[PDB]
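Undergrad: Listed here are the chains, written in short residue letters.
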Amino acid sequence: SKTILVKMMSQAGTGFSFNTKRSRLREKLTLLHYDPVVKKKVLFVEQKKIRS
Amino acid sequence: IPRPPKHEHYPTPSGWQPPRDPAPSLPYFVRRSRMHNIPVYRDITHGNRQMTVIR
Amino acid sequence: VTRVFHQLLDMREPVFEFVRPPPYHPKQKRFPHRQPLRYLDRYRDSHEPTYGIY
Amino acid sequence: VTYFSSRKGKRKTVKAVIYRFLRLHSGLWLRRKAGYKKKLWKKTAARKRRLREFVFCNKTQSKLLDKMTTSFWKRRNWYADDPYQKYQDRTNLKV
Amino acid sequence: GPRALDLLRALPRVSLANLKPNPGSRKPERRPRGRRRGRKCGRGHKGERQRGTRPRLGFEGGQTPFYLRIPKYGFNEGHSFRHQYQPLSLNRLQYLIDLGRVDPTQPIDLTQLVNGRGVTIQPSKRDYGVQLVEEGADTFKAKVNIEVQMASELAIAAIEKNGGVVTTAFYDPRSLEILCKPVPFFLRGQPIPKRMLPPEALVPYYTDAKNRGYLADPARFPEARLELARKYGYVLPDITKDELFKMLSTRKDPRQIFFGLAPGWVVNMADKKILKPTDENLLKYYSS
Amino acid sequence: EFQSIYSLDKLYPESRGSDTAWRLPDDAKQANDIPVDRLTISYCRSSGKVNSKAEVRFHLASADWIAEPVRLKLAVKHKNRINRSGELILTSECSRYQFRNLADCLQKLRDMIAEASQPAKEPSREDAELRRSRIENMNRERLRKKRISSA
RNA sequence: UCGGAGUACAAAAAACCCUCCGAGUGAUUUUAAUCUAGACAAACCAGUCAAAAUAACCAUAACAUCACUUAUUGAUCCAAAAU
Ligand SMILES: [Mg+2]
Ligand SMILES: [Mg+2]
Ligand SMILES: [Mg+2]
Ligand SMILES: [Mg+2]
Ligand SMILES: [Mg+2]
Ligand SMILES: [Mg+2]
Ligand SMILES: [Mg+2]
Ligand SMILES: [Mg+2]
Ligand SMILES: [Mg+2]
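Chains as they are written, first to last, in the entry's author numbering: chain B6, 13 to 64; chain Bl, 57 to 111; chain Bb, 327 to 380; chain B8, 94 to 188; chain BP, 9 to 296; chain Bu, 38 to 85, 93 to 195.
Worth flagging that the hints you see were computed from the coordinates, not collected in a lab.
Treat each hint with caution, since some may be false.
Unchecked claim - Which residues of chain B8 face chain Bb? A partial, calculated answer using Cβ under 10 angstroms:
no.: 1; residue: 95
no.: 2; residue: 149
no.: 3; residue: 185
no.: 4; residue: 187
Each residue gets a CB set at the ideal place from its N, CA and C atoms; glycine is no exception.
Start from the sequences and build out the full structure, keeping to the hints where you can.
TA: Below you can see the structure in the form of structure tokens.
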């Protein structure tokens, strides 16, 4: 099995990104992270796939 | 360099005080600098040696 | 209580603080090595520029 | 380092230094940490911070960088708006 | 005076034959001769160093050099283009007036500061002029008309309180050069050039009455000037009613370098004459 | 007598005369809050950290430039910093320049008068440091609750 | 190249084409912020801890967890991304 490095984006409309290792054969990742600009715990959805 | 202007009050705002009218009776004399200040300087050497020179 | 000091004891009223000791800093070094820039601010006297002969 | 140039007979500066360091007037040199832009997802928050710092060089390095750099880079600068003007002098140093 | 003189009667002539350099003045050089300084002569033994060939300065012996493993970061980035304002404290200005180097009577601009050697400007280093700092504010008692290229609120206030006038003016590099050292410029045999405007970055600075900008709208001046006095709690004097007021209001044209001269004139210093263009095109150009 | 395309008169046609800038609009601000002549301003110069204490004293009841309702509310909120001789006392510390200190004092005074002259001030209190106060109050009120007359 | 045990018996350090095990990652959700006293370690580069203070959330709510947990990693430049 390989994992993957995906770029994850805030739904807070603030451009903010953080990269995460996620299982290749798994579903598109969605998390609750901390956005520094809005200073809140918000929903992050995976925008892009960076590294393999 | 201009001789300093006479004032009505000493010492001046910047704290500069002219020499006296007569000279004292001491058996030594300390000239003013060409800028009319008292020639006491500080000097360092080797970064740690602090000295004070009277010229 | 304020009334007491003025009215009875014929005094000014003393007020106190709680003062904590100043934070401990190591001896300052000529070449602080691998130390954040803000190092130079710990030994700073007061925050105000001073232009020495200028 | 070129100690005597060909045309001018002066002493050249090594620019590769001027790009990555910053000389305060006191003689302290300042540098970024190494690998601070590299592989960030793999690192701790704490470590990330330790990397984001601006740090000072030890004496040896300072003398080295001085030798690799001409006199111009050691002059007293007054820049408008300068972040670092605060840091150029040294205070309360008992040595 | 010098009792030493009295000894000099007793001693033989001072001549070329007896002259001693001050002891310690010359540390005698040493040569690789003899048992001590010979036989390897301070160079060590074999290796690269005794032969003279050790590598260049930054080289660490092949491990990636210290000065190259650190990443590049703009520090000195675009440094040559940053603007540099030589600071002048109120402390030094006062000290200068007190000893009568600069006189507060006539208007004080850069050239006056330079001529008193209270300050030194080197345009080649991208000095754009003097900036005024507040170091001596509390102690500053003099009354002046001053023109600098930058100033701080506190400095300004400190000058207003004593009934003087501060104005911030801009000079381009060429202008500045001419302004600091006028007499070497007049030996150049060239007309007096126009003063350039500020670039787009510095315009919002010199257009504000906040800064007492030379390009500012004088309608705003008394207002802001009073605002200062509200903030620092002092009664603002009426400059209008003073006897030196004619000197205090004195300006320069935004296009003019000096006081009382004009762009395009030529100073003939051997004859003590000025020469002015009568031509229409020249007068249109210099006066625009 | 030089003039340019860019001169001060042709840039701003409206104002011209050389005395335009130095006019004093005393009619513009007639409010004149804090008539500084009426304050006692003391300077304690502490040099060593180098800081200059600047102090502003004035009699509260005898100060007429503030309205009566405001003059009374001030003596309530700030009674801590009022003096037995009736003096309100402000103090600033920070800068080495006493201009800046005086400015801090005056700004403090302006703000006190501002919030006291606002009837809309609700005096909102935080529960952070006052939780101890409310609870220890309530709990000394459990004991205080004993009812029989005395003296 | 990196780690654990012995060699190296009790602070640290300590070699061998010395004796033995490992690592070049998984799995999971508790998705693990900002800033800063003081230290460990150290030729340098790199590594480590960490109070107070802010902001997040119960409305006085900051150590990701497990696999011996220790190791699961790579400087500058330069390239791609646009934040
Ligand atoms: Mg010396
Ligand atoms: Mg020789
Ligand atoms: Mg020998
Ligand atoms: Mg021999
Ligand atoms: Mg030999
Ligand atoms: Mg050898
Ligand atoms: Mg200079
Ligand atoms: Mg140690
Ligand atoms: Mg904490």
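Undergrad: Are the hints correct? Go through all of them and say.
TA: Taking the hints in turn, this is what the structure says about them:
1. 95: This interface hint is violated because 27 angstroms lies over the 10 angstroms limit.
2. 149: holds, 5 angstroms
3. 185: Cβ of residue 185 (chain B8) sits 5 angstroms from chain Bb, so the hint holds.
4. 187: holds, 7 angstroms
Checked against the numbered hints given earlier, this structure breaks only hint 1.
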